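Trainee: Listed below, chain by chain, are the residues.
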Amino acid sequence: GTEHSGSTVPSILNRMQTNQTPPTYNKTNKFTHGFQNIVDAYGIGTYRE
Amino acid sequence: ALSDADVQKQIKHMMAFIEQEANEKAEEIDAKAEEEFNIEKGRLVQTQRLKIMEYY
Amino acid sequence: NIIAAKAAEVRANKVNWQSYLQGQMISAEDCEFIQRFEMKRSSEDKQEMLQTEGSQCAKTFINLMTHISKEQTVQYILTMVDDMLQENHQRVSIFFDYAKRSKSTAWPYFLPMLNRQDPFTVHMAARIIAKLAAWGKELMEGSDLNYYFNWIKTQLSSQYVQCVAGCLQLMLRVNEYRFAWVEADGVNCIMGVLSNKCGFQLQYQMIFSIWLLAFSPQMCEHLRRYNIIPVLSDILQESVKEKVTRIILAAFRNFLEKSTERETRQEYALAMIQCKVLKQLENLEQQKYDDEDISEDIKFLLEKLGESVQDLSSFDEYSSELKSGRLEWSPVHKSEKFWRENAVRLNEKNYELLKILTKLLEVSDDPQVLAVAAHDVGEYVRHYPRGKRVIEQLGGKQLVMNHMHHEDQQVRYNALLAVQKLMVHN
Amino acid sequence: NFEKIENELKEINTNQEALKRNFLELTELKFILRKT
Numbered sequence: 347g348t349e350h351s352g353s354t355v356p357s358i359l360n361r362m363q364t365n366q367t368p369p370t371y372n373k374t375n376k377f378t379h380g381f382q383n384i385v386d387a388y389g390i391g392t393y394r395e
Numbered sequence: 002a003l004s005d006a007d008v009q010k011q012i013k014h015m016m017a018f019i020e021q022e023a024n025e026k027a028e029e030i031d032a033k034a035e036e037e038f039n040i041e042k043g044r045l046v047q048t049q050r051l052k053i054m055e056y057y
Numbered sequence: 017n018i019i020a021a022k023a024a025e026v027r028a029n030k031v032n033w034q035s036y037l038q039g040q041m042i043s044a045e046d047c048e049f050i051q052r053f054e055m056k057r058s059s060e061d062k063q064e065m066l067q068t069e070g071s072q073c074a075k076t077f078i079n080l081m082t083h084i085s086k087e088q089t090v091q092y093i094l095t096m097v098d099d100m101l102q103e104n105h106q107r108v109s110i111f112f113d114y115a116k117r118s119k120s121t122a123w124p125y126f127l128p129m130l131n132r133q134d135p136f137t138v139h140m141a142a143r144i145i146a147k148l149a150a151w152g153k154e155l156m157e158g159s160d161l162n163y164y165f166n167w168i169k170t171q172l173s195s196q197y198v199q200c201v202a203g204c205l206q207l208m209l210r211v212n213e214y215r216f217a218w219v220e221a222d223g224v225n226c227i228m229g230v231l232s233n234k235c236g237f238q239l240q241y242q243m244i245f246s247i248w249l250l251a252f253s254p255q256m257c258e259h260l261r262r263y264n265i266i267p268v269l270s271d272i273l274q275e276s277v278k279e280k281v282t283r284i285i286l287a288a289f290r291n292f293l294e295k296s297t298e299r300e301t302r303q304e305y306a307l308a309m310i311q312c313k314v315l316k317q318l319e320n321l322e323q324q325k326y327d328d329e330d331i332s333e334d335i336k337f338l339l340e341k342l343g344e345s346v347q348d349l350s351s352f353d354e355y356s357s358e359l360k361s362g363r364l365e366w367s368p369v370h371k372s373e374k375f376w377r378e379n380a381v382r383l384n385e386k387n388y389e390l391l392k393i394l395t396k397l398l399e400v401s402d403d404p405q406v407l408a409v410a411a412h413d414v415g416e417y418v419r420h421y422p423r424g425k426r427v428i429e430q431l432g433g434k435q436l437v438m439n440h441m442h443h444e445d446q447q448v449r450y451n452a453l454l455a456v457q458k459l460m461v462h463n
Numbered sequence: 100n101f102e103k104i105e106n107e108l109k110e111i112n113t114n115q116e117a118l119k120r121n122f123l124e125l126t127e128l129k130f131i132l133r134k135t
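Protein chains in written order, with the entry's author numbering: chain Y, 347 to 395; chain W, 2 to 57; chain D, 17 to 173, 195 to 463; chain V, 100 to 135.
One should not assume that every hint holds.
When the alpha-carbon atoms are kept at most 25 Å apart in a straight line, the in silico DMTMM-like pairs for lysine to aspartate or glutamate are as follows [said to hold, decoys possible]:
1) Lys371/D / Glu124/V
2) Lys325/D / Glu365/D
3) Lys295/D / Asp31/W
4) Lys26/W / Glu399/D
5) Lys371/D / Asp348/D
6) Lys42/W / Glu213/D
7) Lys103/V / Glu25/D
Pair by pair, the computed Cβ-Cβ distance ranges are [as the list claims (entries may be wrong)]:
8) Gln11/W / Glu69/D: 48 to 56 Å
9) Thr354/Y / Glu54/D: 34 to 42 Å
10) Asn39/W / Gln238/D: 40 to 48 Å
Because the hints were derived from the structure by calculation, they are not lab data.
Ideal placement from N, C-alpha and C gives every residue a C-beta, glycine not left out.
Could you put together the complete structure from these sequences and hints?
Mentor: What follows is the structure, given as structure tokens:
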């Protein structure tokens with residue numbers, strides 16, 4: 347992004363953690379996505395389950 | 002620490018940009034003040050010149 | 017920020033001038049004027065500096081620079097006093113450092129400077145050159161800086198270019214010298230930097246100097262011969278950097294503010310003909326700004342440019358343009374007020390001007406004259422069915438039907454449009 | 100510019116609808132004229 351418009355904008359991203367509940371993801375592929383879809387028909391479990 | 006140097010980088014961007022903006026506003030206002038002096042000196046030049054021609 | 021790095025380098029060194037406190041090699045008598053006055057933050061120090069009668073302020077520190085000749089130390093000894101000569105809150109202000117005895121201490125001691133441009137020589141020299149506007153002194157010799165290399169070498173290389202430009206735009210506030218500089222080739226210098234595509238902030242500085250020059254009416258009259266304003270509009274369109282547009286709008290406002298003689302202001306029209314700023318100003322009005330200066334300039338431009346658009350609305354000038362044989366695209370060709378309030382004007386003596394345009398359609402086949410005439414005829418004949426029957430009586434309907442076979446397809450299309458303006462009830 | 104092209108197409112559509120209306124009217128006239 348900085349290269350596209352040279353402006354030397356560092357776009358600093360600091361890191362933190364608080365009471366926020368984070369999203370949930372686990373990688374799937376063509377050989378397993380439909381099965382994860384069957385699992386997700388019933389909702390999704392808690393973070394880090 | 003990369004985080005602390007990054008905080009310093011954010012600071013050096015922020016203060017520098019804000020200084021540049023403030024100085025820019027200052028010079029624009031000063032230029033307007035200079036033209037204010039100019040319009041003013043013109044008005045009173047007219048006010049004086051009238052009586053000057055009269056008396057001479 | 018190269019100059020900032022140099023300042024960081026030199027500011028971290030406290031000069032060992034106390035060992036030279038009475039040394040004739042360096043500051044035998046100036047070192048008590050550095051021991052005293054070491055606190056530039058003290059008002060009593062500045063008051064004492066005034067008490068000394070300018071005996072050594074801008075009187076002995078000048079030529080103290082010549083007491084010093086080693087380079088690795090000239091920079092630091094320069095900075096040790098130039099922080100005072102530069103920061104300058106109220107310490108010197110209105111040329112408190114008079115030095116009335118000698119004119120080698122007043123100003124024309126700069127000639128030895130401007131040499132070997134690399135160890136901040138021309139740079140402090142330029143700073144000293146910028147000692148006119150907010151100081152109690154006047155530039156004795158304009159020519160001795162107007163053509164020198166201090167401003168020529170900086171054309172291409195660059196924080197120092199910004200520093201020199203800053204010094205120049207600081208210098209460019211008193212119309213007495215600026216009229217002489219514009220009569221000189223300074224405008225050529227600004228043009229050369231302008232056509233030298235560079236950083237956006239540099240462009241802000243050129244447009245800034247141009248606006249400050251636009252303070253003066255005689256100068257805008259002299260610069261009218263140049264196409265400054267179409268290029269300013271093009272920069273505005275092709276470069277969005279906030280302050281750049283701010284100063285550009287300031288320049289436009291100045292140019293439509295002064296207006297010494299409306300006749301020589303053909304730019305009232307050429308500002309929008311060369312670049313119709315109105316659509317962009319509408320897009321900016323659409324946006325909301327907390328700076329009332331920018332919004333005020335925008336509104337002023339909408340107003341003045343609208344008045345100029347209304348000035349373009351006329352029929353005598355438009356008909357002279359019709360008669361000239363070269364149909365320029367004066368914007369009235371599409372004006373709805375032109376085709377409603379004064380459509381009957383086109384029916385001059387026995388439809389005189391329609392006949393003239395018919396003749397010029399028959400004779401000339403340039404694409405744009407044909408387009409202008411055919412479109413205008415269509416817009417007229419829209420409102421006048423008897424005008425349609427008259428145009429049919431002219432035979433020009435068949436002339437357009439034959440223009441339908443011109444080599445350029447745009448001409449065929451505008452003839453097509455004319456025919457479908459005639460097709461109604463036909 | 101693209102929506103100006105679209106206005107060009109819209110004007111085309113109205114123009115050709117009017118021209119077909121005019122066509123059918125003119126043909127009606129020609130049908131009238133076929134008789135002694």
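Trainee: Decide, hint by hint, whether the structure agrees.
Mentor: Verification of the supplied hints:
At most 25 Å may separate the alpha-carbon atoms for a hinted pair to count; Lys371/D and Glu124/V exceed this at roughly 33 Å. Taking the CA atoms of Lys325/D and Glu365/D, the gap is near 37 Å; set against the 25 Å cutoff, the hint is violated. Restraint check for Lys295/D and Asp31/W: satisfied, since their Cα atoms lie roughly 19 Å apart, inside the 25 Å limit. Only pairs whose Cα atoms come within 25 Å are accepted, and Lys26/W paired with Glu399/D is rejected, the gap being roughly 61 Å.
Distance check on the hinted pair: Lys371/D and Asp348/D sit about 15 Å apart at the alpha-carbon level, within 25 Å; holds. A distance of roughly 15 Å separates the Cα atoms of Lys42/W and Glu213/D; the hinted pair therefore holds under the 25 Å criterion. With a C-alpha separation of about 61 Å, the suggested pairing of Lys103/V with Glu25/D is violated against the 25 Å cut-off. Restraint check, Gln11/W to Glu69/D: a C-beta distance of roughly 50 Å satisfies the suggested window 48 to 56 Å.
Look at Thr354/Y against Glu54/D: about 39 Å separates their beta carbons, and that is inside 34 to 42 Å. Hint check: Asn39/W to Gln238/D, Cβ distance near 28 Å, so the stated range 40 to 48 Å is violated.
This entry does not satisfy hints 1, 2, 4, 7 and 10, going by the numbered hints stated previously.
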